[PDB]
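2 protein chains.
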Amino acid sequence: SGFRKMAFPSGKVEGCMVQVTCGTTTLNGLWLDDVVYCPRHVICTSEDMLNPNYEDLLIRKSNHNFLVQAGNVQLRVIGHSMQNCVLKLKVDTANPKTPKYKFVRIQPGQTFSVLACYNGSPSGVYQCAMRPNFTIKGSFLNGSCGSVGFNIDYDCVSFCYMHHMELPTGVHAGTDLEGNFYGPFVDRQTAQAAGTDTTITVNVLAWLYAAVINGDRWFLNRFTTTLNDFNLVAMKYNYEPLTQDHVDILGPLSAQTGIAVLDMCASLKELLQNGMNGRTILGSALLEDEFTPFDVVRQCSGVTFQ
Amino acid sequence: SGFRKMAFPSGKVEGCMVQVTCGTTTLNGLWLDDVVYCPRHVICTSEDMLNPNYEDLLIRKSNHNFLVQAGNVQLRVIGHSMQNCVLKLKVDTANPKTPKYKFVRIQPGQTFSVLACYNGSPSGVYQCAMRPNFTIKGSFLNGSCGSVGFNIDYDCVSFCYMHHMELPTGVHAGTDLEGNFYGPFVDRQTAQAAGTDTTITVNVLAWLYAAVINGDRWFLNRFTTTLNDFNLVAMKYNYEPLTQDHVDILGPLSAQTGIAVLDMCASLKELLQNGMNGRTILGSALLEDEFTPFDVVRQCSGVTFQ
Ligand SMILES: [Zn+2]
Ligand SMILES: [Zn+2]
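Protein sequences, first through last, are from chains A and A'. A prime marks a further copy of an entry chain. Residue numbering for the first sequence follows PDB author numbering, starting at 1 and increasing by one per position. Residue numbering for the second sequence follows PDB author numbering, starting at 1 and increasing by one per position.
In short, the hints are calculated from the structure, not lab data. Do not rely on the hints blindly, as some may be mistaken.
What the hints assert, rightly or not - Calculated from the model, a selection of chain A residues having no Cβ within reach of chain A', i.e. all distances over 12 Å:
id, residue
1, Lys90
2, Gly124
3, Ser139
4, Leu220
5, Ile249
6, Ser284
As the list claims (entries may be wrong) - Cross-link-like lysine-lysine pairs, in silico, DSS-like; alpha carbons within 30 Å at most:
id, chain 1, residue 1, chain 2, residue 2
7, A, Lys5, A', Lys5
8, A, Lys5, A', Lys90
9, A, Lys269, A, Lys5
10, A, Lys102, A', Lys5
11, A, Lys97, A', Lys236
12, A', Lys97, A, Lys5
13, A', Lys100, A, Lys5
14, A', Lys137, A, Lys97
15, A', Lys5, A, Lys137
16, A, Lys137, A', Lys137
17, A, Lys90, A, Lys102
18, A', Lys137, A, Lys100
19, A', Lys137, A, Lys5
20, A, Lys97, A', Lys100
21, A', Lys5, A, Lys100
Where a beta carbon is used, it is the ideal one built from N, C-alpha and C, also for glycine.
All chains, full assembly: derive it from the sequences and hints.
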């Protein structure tokens, strides 16, 4: 029993981590097989990214302006290519310590674990969601660029995010593992647009099911609703509105608890509409939205495999 | 910038983890050098722990009623001894994958990371505090016994906790790595006393400093106080009262922010005494107490080494 926001174990990743140092400016890369993945602004000492022209900067660099460290050596680089916002760094050896992976483009609302790193060394691991405006609300100090975010199920790591920048208003932006930003963001030091951060409605509902499972089943009430109904309260309070894919994802949670998705929607509104002040759900004074319906089925219910 | 409750990277530990299976009943152990550490109630199928006599149970077992699994094999056990609430399981090989460690008896108020495991395999990692009543507010399903909690600084793992039981009221109890429970608890299935869970006052203060650092410096107010003053509000609201070791631990935080420990105490009271409703601190609607002053200095300030 209990409910914690767990990260995936990070061992499979701590040994894909390396240092990438161009001239100056030191940051992290991901060493898989015989390649190293890193933010292309490693090559920026030029006029900074107050207006950088990456393709013209990158041509002053040769194959061996690029030193990496993996615990202790070099790795010698026998090639490079810029691929949207990522560098690749062809090295001479395959990482003995590479596991099964894919890259994937997570879509907002979903969760991953971040292994925060500084010049190649693990600092910590935390769980996060990609906000509906494709930013993450992270914890990153200077030197953490290139840190990555991953999912696991088997012994198979599904790398999904690479940290690139801190926005001028405290939030974090990055790429998938082939260098396309999430969101409209660019890897320049300019003030970057950023829309409305919505609450991930489907995730809040998963968490209210967790609360019922793990003891706290007394935010429920005696009313019920339609999806059109709830969405007009939803839309109003800055929640992502729900459709039919959400209701079906919630399926077995409604089954193990014996509560219709729609009656759960029904009690959330009274929390969203006329609520405000007092009690407690699974230990939070807020509605949490960084658990997906799968995160819950794990922390309570339905084993995975290993 | 930002502030997250990070766990330590768990790779160093995922490879100290093994399965221990007696007859039936399967749970986790810790495989260090040529020894395996596990809850002694692995040997309980006897009348259950509704009243178990461990020393008489343990004598029906021989050296090789005890099978462990480490990823794939056995480890053959060439000895055993019961040491308070832990088993040891003398095995024939040293874990090739053991790192630098100690055992330590954490004291309430401090934090560690938990690697939640099931029959030898990692599920996840989360950060927690030992509550002042020597329980932890965890997330543990059936089969997680033997999961452990650890601290890191170097490449040196300081194992500090081993999960033993779930109390009848939802909370978790365990031992240090030489088998003495934290708290007055016993490894029997009986209703176990459990005193008042206090808020770790010194940790709340560390977190309010983090909020000032990481943007949120407007819970501060125009008053000040004495330690005797605050403690009488403190005592009243079920906070651990502060002394002089707390004030000094908070030292450099007061230095980087330019705020006297006592003026911080001063604003907390207005939050503790006449407060109630509205705003937001570092994203929480509650006063968080699972960051120690060291956890903060890390997530913001003062690197460690590696
Ligand atoms: Zn970067
Ligand atoms: Zn146990």
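Against the structure, the hints come out as follows:
no., hint, verdict
1, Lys90, "holds (26 Å)"
2, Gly124, "violated (3 Å)"
3, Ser139, "violated (4 Å)"
4, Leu220, "holds (19 Å)"
5, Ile249, "holds (21 Å)"
6, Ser284, "violated (7 Å)"
7, A/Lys5 - A'/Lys5, "holds (10 Å)"
8, A/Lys5 - A'/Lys90, "violated (35 Å)"
9, A/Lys269 - A/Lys5, "holds (24 Å)"
10, A/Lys102 - A'/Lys5, "holds (27 Å)"
11, A/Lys97 - A'/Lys236, "violated (55 Å)"
12, A'/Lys97 - A/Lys5, "holds (28 Å)"
13, A'/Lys100 - A/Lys5, "holds (28 Å)"
14, A'/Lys137 - A/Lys97, "violated (35 Å)"
15, A'/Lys5 - A/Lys137, "holds (12 Å)"
16, A/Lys137 - A'/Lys137, "holds (25 Å)"
17, A/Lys90 - A/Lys102, "holds (18 Å)"
18, A'/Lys137 - A/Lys100, "violated (34 Å)"
19, A'/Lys137 - A/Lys5, "holds (12 Å)"
20, A/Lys97 - A'/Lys100, "holds (21 Å)"
21, A'/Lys5 - A/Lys100, "holds (28 Å)"
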